[PDB]
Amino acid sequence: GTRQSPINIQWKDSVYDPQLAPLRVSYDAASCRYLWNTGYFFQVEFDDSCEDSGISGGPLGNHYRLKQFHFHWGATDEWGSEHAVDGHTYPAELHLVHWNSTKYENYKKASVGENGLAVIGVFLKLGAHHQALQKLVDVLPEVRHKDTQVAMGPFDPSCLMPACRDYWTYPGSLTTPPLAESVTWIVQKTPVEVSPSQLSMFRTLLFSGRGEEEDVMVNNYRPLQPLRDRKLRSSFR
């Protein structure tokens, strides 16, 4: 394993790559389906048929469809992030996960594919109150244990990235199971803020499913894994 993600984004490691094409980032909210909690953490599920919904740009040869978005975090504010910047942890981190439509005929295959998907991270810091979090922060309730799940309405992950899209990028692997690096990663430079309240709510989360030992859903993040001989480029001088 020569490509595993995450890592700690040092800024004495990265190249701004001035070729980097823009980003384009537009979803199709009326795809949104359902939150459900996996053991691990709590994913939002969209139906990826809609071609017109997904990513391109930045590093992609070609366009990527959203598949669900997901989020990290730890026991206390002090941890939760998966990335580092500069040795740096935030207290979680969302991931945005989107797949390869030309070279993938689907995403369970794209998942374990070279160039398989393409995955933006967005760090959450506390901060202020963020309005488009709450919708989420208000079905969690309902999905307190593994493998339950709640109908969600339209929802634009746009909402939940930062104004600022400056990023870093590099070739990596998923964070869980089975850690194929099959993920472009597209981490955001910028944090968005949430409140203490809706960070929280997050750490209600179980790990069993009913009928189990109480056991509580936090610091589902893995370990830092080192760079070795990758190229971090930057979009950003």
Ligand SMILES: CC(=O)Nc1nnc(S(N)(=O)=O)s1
Given for the second form:
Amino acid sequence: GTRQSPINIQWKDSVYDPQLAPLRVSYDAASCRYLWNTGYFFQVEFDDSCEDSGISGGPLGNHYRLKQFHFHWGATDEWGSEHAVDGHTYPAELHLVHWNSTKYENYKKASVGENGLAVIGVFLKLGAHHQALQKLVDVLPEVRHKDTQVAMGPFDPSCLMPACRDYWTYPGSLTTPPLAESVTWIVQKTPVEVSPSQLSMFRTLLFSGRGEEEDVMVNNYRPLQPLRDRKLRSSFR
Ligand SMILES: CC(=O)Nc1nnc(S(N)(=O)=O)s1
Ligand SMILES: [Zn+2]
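Starting from the form deposited without this ligand above, please write out the structure of the form deposited with this ligand bound.
Next comes the full complex, this chain leading.
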């Protein structure tokens, strides 16, 4: 279609919209359930029954409930992010998926509908060890095979976001099938630092299940899509 993601976020295409309300992020860490290997990436799952865990403000018409969050990475530290910024790609990218509780009855239905989801994207960059990320890194050995899952304790995704909350927003799609154009994209300008050793662990996962021949999980990002005549607006100037 015309509203596909990811895209290369370029300065020349950005238009400051001073009308964008403050982005309110409030997650209920207690609603965290398990972490599992989908066969494409690893994803942390939440219990979306809580009407207070989610996001509001910014470009959203109402509150969107947190459902899950995952990551995308490449075979080396030189690439892996889905989105690029003026052509530069980062080692990996974190996606926090929220769904429209107001317009849809549930996440399954939200994910393929008109304004079903709002996804925040955080670029990860090599730097200092990230304390909150370690909690995830430690249980990765338990989910190295496709479809494997491990229970999770309380975890607040906000600990994964950068301090500065300046972003770009635009209409897009899912970056995995069905590639439905149901997403309002919120990408953070400021990348979060993580150490190499933490990033390396992501690469020990496998696309293959138990018994099957070992197929390493790397390069699980979709290639860049054309912006078309979509409005890439920024919350900063
Ligand atoms: C079921 C559902 O909605 N899953 C997702 N597919 N692609 C996503 S991403 N990579 O756009 O955040 S989310
Ligand atoms: Zn994603």
